[PDB]
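Coming up is one lone chain in structure tokens, specifically the form deposited without the ligand.
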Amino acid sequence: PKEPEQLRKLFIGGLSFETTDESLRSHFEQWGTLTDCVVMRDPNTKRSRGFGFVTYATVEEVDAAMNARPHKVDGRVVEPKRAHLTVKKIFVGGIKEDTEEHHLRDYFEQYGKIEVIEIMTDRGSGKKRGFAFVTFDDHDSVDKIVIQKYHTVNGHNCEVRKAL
């Protein structure tokens, strides 16, 4: 059936205070069907809080919207994020001693543009320790990676988390 609603949402920060439900929707409907679109407002003044959210029908639509950044909405470049600890680096554990840089590259390059691959080695012996760090040029790669239940790299079932 339908992917969980939480995984179909984009929070949108940095809105122009003149953006409305209607103008935010007209913008983001370019990349898919929107089931919901709200600008957050003060309950008493109705003045914009400067952020909102949109909900797409599918995760592929969320991907399309993030691939179309930067978004200029009503004259202002906004900041869309998936459902925040916003980082560009992941820890990859469980890769043992036989996983190479090209294994990590070939797998993770389909999530985002890779800038650094660091396979960790023992400070004394030089032996591989069984984990690595991958740095991307942008946070959405990481956000897509860490919501997956599973990552299989070089036949290993890997543990992947955000790295600070």
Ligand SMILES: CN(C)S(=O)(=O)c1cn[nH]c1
Contents of the next structure:
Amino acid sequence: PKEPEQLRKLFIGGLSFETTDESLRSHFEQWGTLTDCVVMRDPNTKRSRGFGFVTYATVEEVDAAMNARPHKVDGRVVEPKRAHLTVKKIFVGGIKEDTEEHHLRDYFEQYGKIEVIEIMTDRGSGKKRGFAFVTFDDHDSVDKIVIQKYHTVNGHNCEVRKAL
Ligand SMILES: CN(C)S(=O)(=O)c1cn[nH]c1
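For comparison with the form deposited without the ligand, provide the form solved in complex with the ligand.
Once more the chain from above appears, this time first in line as the rest of the complex follows.
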């Protein structure tokens, strides 16, 4: 049973205009089986639009490609992103009053490198408000997080979304 194709795609921006379907494929096949690989071109001139997409056979292969950034393709560092609101920070809601920093760190550190955890407290009383923000060093962490159907932290079913 195959993961949905949309979750196996990487949009690659910043291409060299000399990158082709074939040279994009030869590069990104280092991290998995590619079922599709296309450079976007002008319909009349055939000149590259400077971006394209690759489709891997599995999500773990997408992860491997993202973990191998930075990618220099045909002499140019490109910008891969999963199938964009590119942010490094998430809102985590539903954590109630008993969730602490280490609960959030232990869970979210497996999505990416954490730089800030902010457990929100009431301005007047100091009581925990039941939500938090986590800032990572890179957007792919957030992209992986928000496509999951579920997040369970400290026994709580959490609401997680991109923040600003
Ligand atoms: C470079 N990466 C492996 S990452 O920092 O995005 C990461 C850390 N844990 N999961 C992903």
